[PDB]
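Removed: one protein chain of the complex. Kept in place: all other protein chains.
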Amino acid sequence: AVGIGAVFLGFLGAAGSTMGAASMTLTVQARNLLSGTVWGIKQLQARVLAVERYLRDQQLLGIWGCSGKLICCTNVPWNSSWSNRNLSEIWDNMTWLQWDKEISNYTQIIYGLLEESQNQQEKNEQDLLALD
Amino acid sequence: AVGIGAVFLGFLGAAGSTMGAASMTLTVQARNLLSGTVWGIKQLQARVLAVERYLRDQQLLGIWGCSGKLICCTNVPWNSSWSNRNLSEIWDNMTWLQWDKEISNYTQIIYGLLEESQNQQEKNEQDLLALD
Amino acid sequence: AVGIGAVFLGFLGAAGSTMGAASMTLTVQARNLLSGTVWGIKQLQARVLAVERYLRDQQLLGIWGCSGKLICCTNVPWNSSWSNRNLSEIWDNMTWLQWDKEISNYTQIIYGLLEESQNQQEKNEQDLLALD
Amino acid sequence: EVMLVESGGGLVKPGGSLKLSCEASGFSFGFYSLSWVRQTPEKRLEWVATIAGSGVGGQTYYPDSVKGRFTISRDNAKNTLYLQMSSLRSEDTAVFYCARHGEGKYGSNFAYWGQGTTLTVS
Amino acid sequence: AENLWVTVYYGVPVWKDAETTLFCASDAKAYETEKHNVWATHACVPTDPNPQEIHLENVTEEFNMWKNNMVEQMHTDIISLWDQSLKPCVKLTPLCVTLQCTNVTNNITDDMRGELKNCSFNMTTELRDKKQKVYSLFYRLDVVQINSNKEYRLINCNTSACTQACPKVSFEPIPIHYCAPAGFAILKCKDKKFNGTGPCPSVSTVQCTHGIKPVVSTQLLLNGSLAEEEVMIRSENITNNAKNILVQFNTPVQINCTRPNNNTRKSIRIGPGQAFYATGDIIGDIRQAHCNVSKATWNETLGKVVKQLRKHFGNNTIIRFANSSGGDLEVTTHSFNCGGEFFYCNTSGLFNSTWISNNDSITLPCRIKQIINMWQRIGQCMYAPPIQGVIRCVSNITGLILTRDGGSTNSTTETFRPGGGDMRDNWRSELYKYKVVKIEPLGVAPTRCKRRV
Amino acid sequence: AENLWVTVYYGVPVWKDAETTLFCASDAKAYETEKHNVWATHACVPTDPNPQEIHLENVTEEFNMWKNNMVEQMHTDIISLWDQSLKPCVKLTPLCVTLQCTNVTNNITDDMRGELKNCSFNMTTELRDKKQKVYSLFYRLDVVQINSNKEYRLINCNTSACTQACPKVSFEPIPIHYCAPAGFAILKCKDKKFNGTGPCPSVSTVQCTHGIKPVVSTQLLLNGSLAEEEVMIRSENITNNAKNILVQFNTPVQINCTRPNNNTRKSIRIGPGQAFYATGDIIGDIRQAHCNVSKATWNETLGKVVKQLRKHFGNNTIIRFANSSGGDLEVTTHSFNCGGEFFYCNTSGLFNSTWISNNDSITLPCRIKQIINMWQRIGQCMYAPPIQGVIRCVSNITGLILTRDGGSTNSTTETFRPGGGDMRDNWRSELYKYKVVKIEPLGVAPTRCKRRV
Amino acid sequence: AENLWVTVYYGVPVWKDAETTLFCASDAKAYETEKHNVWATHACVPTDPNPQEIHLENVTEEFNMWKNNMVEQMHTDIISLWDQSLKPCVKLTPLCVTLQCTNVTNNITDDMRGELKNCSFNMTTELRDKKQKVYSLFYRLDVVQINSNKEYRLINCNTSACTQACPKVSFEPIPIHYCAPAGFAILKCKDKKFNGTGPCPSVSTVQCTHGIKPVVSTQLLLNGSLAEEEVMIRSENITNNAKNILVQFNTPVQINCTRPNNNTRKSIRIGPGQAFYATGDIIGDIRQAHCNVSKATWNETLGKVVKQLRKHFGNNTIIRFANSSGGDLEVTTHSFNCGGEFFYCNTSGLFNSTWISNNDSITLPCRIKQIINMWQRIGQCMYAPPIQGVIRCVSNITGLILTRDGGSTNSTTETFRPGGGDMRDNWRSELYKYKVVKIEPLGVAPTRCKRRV
Partner (left out) sequence: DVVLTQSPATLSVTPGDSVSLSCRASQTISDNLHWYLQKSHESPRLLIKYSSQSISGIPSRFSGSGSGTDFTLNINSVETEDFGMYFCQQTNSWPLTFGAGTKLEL
């Protein structure tokens, strides 16, 4: 018939799939992130831990150029000292869990690179906006 | 005593009014949504119910194309199986509380339509940005 | 060489400095605002006070035209009844704490001006978008 | 700031008709109740008409000496106030001022006055 | 043209019915009395000035009082803060001793009865070795005989040892403004003719309710929220015999309850830092505590309610009253509080009339009981301490809780009988104007604009 | 071309191992029984239907069940709500009186011993003056002799006064669905051949676990999570002698535990509202409580597990069993619960065989103890009340907890011995399939696009 | 040009004064000692390394410690976790028995007095029937006479039965780093010249304070936060007579408090699992506990503080000292803790001098009290248990809390007097450098740019 359950996967559905197929559906891991007298405090300290660890990435996301766009280009170049990999592989050869291991040393340089690469574009926008 | 003082339209002012007059002031229902040893946990469990259901509509807004713009057009057409009403009426005849009854079956089809109509437009911006 | 500890300050580093040097780095005070059985509820009531007064500023930011840009022009003019100061002084003579004393009467007039200056431009954007 | 600029004054024969206008700026026009007040050649002030604001009820009010004769209206989308005059009398001769009221409970007063337009009926 | 497109609308006035936890707003003026001289004056929130009672024009709204919530939560937490105001006070376990009681010294007439027994017993002092022999006075409604001589024991000594009450706290009602959290409104029905259910075509939105006084009367609701114009009666099925008829009348009825015994207090030391307040001598005469109502007012009010009852049961209906056929001592009586002491009256000179469709005062002989099992919980009671001096209070009778007599014949009479039953129905005389809705913005509507690329 | 640029990616599937507080999901069908007739049925969350058990194709994951967390939190809170269901119940302090005990009236055989002593003592009534002289019956494992005459005392009267148990609550296991909060997934290893550690190449993501029944047996795990195909054995270092061998077998073994005494109850009143349930008369005969297993099944199951044990210890290995050489009464025995009463059996007719590589039932003589010191805390015990009538239950032995015998010679035999020890290893028979991960989105990848100005 | 436009600026450094709930940061090295051997070592937060004490150049700030908050909150929660550390310990109700006390067996000199009385009494054992007859030793400041013969009772037996202290916990001060939550800074005044009020022109922002030791001394502040260069005195109005003068000097003064009795402990069993530790025999001789200070150091320090006092009271001012004219035993004395036992010394060999503007040690005879009513609450005390062996400690006197003498004449002398009073005044000697501000970003300023459409 019309309408089948094969290619319409679920939460964490493409978690072993390639990046070119994992970036097809990113919203499904996004939207299942907030909704879904002493045995109430394990609910309280799970809720204010869920909204805390959601707000920390939405604040680090907020101060770059990417408000809620979920895919966004930036201006920093990709130093090959970070990854040194070919382009034709890294969207269909490796996988995302292999990526987070493959870059995790070089994170907090990228996270450190993003605020100045945003704030430099911000003040250059301000210097453009100030004259008019 | 004659009552000539300017009295700005308060909270929920056009709540029985038509959509063309309710959409004049939408910010007033927007802004009174966050601000306004056992009777402290009744304060705590009211606060931590308020911030998730505020963040949940701010996330469903966030994951469409409308980050914080609060009014936004989209690209999906309006199938008449949903509402079957005339256009010339539904901005000055009916009201919003009559709308939520008039549409509530056809919700979660529209909400399912919005993520795919956004992420398809999203990857189409990526395919436009990738070639240049 | 390149890189000295003199001009590379820290959190609240330019907190006495002038506005033209405090607005150079505003993200550093922005980003250090969320991360960093009865003595756990002072942790709970410190966390849900931190995320509430963070969200209140993210709401006042959200309902203007400034989603997360952190510096943004607007359209309302600056009536000299507010400040009556010269422009050439108030970016390098005075300081920010002197500004907050110098303006604190005139807040909630600006905050009322910002919402109407956003929503009038918003509906005028809708009336512009409706005709085409 | 609040600016009120009236136009339309002229010399009218009694029994004639005339529409005055008041173009306003510097405030949220529709929320405020607005009035026409006239000043007679002896410098006496006589309130002429009021139209309430959108959040005030939007009704019109007239004193007995003009009720049934004078009509005040507003077009809030262009921030303009009108005073429609019919069955004019020589006693209507005055400078007519447009005026804006205040806000809330302490706002039924005239807060701002326009420059005025002159009506002479003779 | 016909290519209509979805456009979302954030911040849009619509609401649905829901139920969430509401909170106090104690009035800030009651904050001057320091550190809980009454329960819940430091615990919950200082109020706000000028609550934004704002009209909702062209709005009708289907209110309800029988399947309503938020009268269950208020009864729940008022139970809970009653236990909060009873957990610090001293437990009165070691008073369960075999008493020895005689008549109090008084001019015993056979018509009157010895209301107070002497009951000299033994009780431990602060030293664990010594045991003093102390005496007290006790009402006849608190001792039963363990069976020459005459020796009693406490009635609650079976199955429920229960606490004293600290004389720092006070049982007075303070106003309570219930307030909704963020995202919730409180609809108030402004209709001057509004029974229980039905669309209320004149509502108004608040954020905090008016000051509700939590009182405890079973029959004869007191001191709160008079009606507008008429005497409004409202129930469930008026052709039911199990649903009470919450009468709420328009003009107040002044009650003048008093207690003319002097009732000197004294403090017996149980142990280390455990005081026990017992009534010592009574100075003067042993006279009965009573209450008064004006016969012209009460008969005029029954003239009102016999018109409004015929509005539901037709004309030529011989309305008569009776006196609550049976039940416990706390349901057959007007059980209430006055200055910190618990009067049990006898509404049987009041509810006794008959009405056909064609200056003096009524005195109600009350009686006082010291242990208290309000809300009829299983393993609680409450030894109320004595209080000094003559006790007198003045209150407004505002509404009744009647109950019809479940006939099954084609008769005309309707012998109404008063009856309290559940204590929630008292707060249904205060919470019929207010419902709580949940604002659910971000609606969606199609119009002719499209998100350009 | 080579001008690659950083592009962040929000909402991206990767996870890391973590540990946070999980919560219940009680089944909604167990919500009909009102107000905690078993622990944790109103306190924590009603479940969901059809939990989204969704496969994760092309996914391998390094599981572990010995260094696993979340089996420590479940033991922590099950301790805590066990104390929560004992804080309302009545403390049994005033029972520490010097007893006077004789033999129970019974057919004393020299082979049998008097299990129950009479123990008539004095105990205060609800009045502080009177002291009734009451009698009871007591097991020999609850009295010790204070040293003609014969006078005992309670065993726990030294060092631990401990509560009675309220007959409203019930000690039956109910299913518990553990669910992860938002942002955390629960990986389930779907491999039908999976020992303790090792990458599980067939995982699946759920949101709520299946209903786990928390039982307490030391040897002979009961009533839970049978194996798929074979009898799976799993441990830590199998060349260690301190690491238990959690056997989990495939087909259930039916046990038939009973207690054939009638054991009539009676209620002695300690004080105000403090009842104490003591066993009165026993109707019928005084017979010993026992358990049954089928001998053909048990011998066949040991024939299975000696085959799977030879997979780790080679062939021609003369595997034999023994009977838990020493320890306390709660580790040398199959200590369990049945209907609210605590059987201590004697697995020494079971674990006694030897196996070389070439219809009747086994009866286990059990014994009952009334005070209970489950989890071996320092200052607690638990007087279980008696229960009416003949008691009988039927359960499935599902898994063993073996322990090898630590040889240091070049022998072939391996005398396995049973041993319960820590109760966490029971729940390690339920939580070895499940690990809990933390979803960590916002990945980052270079591609050829730049944020335009 | 003049068409200036509003431009908001998010994340901008300004702050206002506020007050919110702060939390601990216990040092991680004190986390190795398991499960609260001292109060508040597992309960609140493990610290961070290297707290970012970062300067705020060109900043002056009006500090205050007299109208300061957060020295009230630290006193609030230290009261609260002091009550938290007494709820597990055993209640000492059944000790209120009529004692019978004689002199202790000792070489009684008339100059010395019998500090310890014998007091052999009766007390119930763990069996409710039997009552052992035990004896102890007790200080003279803990028994009063019930009035031939001589029989005493406990002093707190009137009005306040109070608990033992569990020997797991310890009353030693550990450092405590108070930390602000997110969005709040802690200003630290780095000025080496800073009295009570006044703008501090060299501040620095932290998030966690340095390790504060919570001690309890009334006079002679101990073991904390010496001054930088001089001896700093600081008060409220120095022309007031009710505001203490918190002297804080620069070099520490070493005290040598000891207790030379051996004081063997013993354990009496009150009931089930309720031990009570009483001092049994004392081995050796009964000698008085004292403290030592160097006379050259104390006289040199008073030579310093009379110089700094003349800075506020002029020259040719004959400054003399006296010995805290009156008050209770806990205000007239240097009341402190040493190793778990409570010395009450006698600062009257110290505060006795006179100063005009032109090798041996001082021994202070202290005395020990076992029940303790620190902070003078109404219905609490604290029976400190005995401790084994000779007791000796060494501490640094860091600051005094003096108090002037309210003259009203044109005299020159100023008889200064020591006085403890409120324990908060100790912590105002620790929390004067720190104020807590609230960062309020998102400012707004006009400039010449307009949001283009």
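We call the chains A, B, C, D, E, F and G, going by the order they appear; numbering starts again at 1 in every chain.
In the analysis below, contacts are C-beta pairs under 8 Å (C-beta built on N, C-alpha and C of every residue); 3 or more make two chains touch, one makes a residue touch a chain.
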- Message: Considering the complete complex, identify which of C:81, C:86 or C:88 is in touch with the unshown chain.
- Response: C:81
- Item | Which of D:8, D:9 or D:102 contacts the chain that the document leaves out | D:102
- Note on the structure: Interface residues of chain D toward the undisplayed chain are 35, 37, 39, 43-47, 50, 61-64, 97, 102, 106, 108-116
- Query: Of the residues in chain B, which ones touch the absent chain?
  - Reply: 1-2, 4
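The rule is simple: only the chains that are shown with their structure count from here on.
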- Recurring contact interface, reference B-E, options C-G, B-F or A-G [over half identical by residue number]: C-G
- Item | Chain pair showing more contacts of the two, B-E and B-F | B-E
- Task: Please compute the C-alpha centroid of chain C, do the same for chain D, then give the distance between them in whole Å.
- Result: 42
- Cα-centroid distance, chain E relative to chain G, in whole angstrom: 49
- Message: Using Cα averages as centroids, what's the distance between chain B and chain C in whole Å?
- Response: 26
- Item | Residues of chain A whose C-beta touches two or more other chains | 23, 26-27, 30-31, 33-35, 38, 44-45, 47-48, 51, 54, 60, 67, 70-71, 73, 126, 129
- Message: Where in chain G do residues touch at least two different other chains?
- Response: 447-450, 452
- Counting only contacts in the complex, chain C reaches chain A at residues 24-25, 27, 30-31, 33-35, 37, 40, 44, 47-48, 51, 54, 67-71, 73
- Message: Could you list, by residue number, the parts of chain B that touch chain E in their complex?
- Response: 10-17, 19, 22-23, 26-36, 38-39, 42-43, 45-47, 49-50, 53-54, 57, 60-61, 64-66, 70-78, 83, 87, 90-91, 96-97, 99-100, 103, 107, 110, 113-114, 121, 124
- In their shared complex, chain G is touched by residues of chain A numbered 126, 129-130, 132
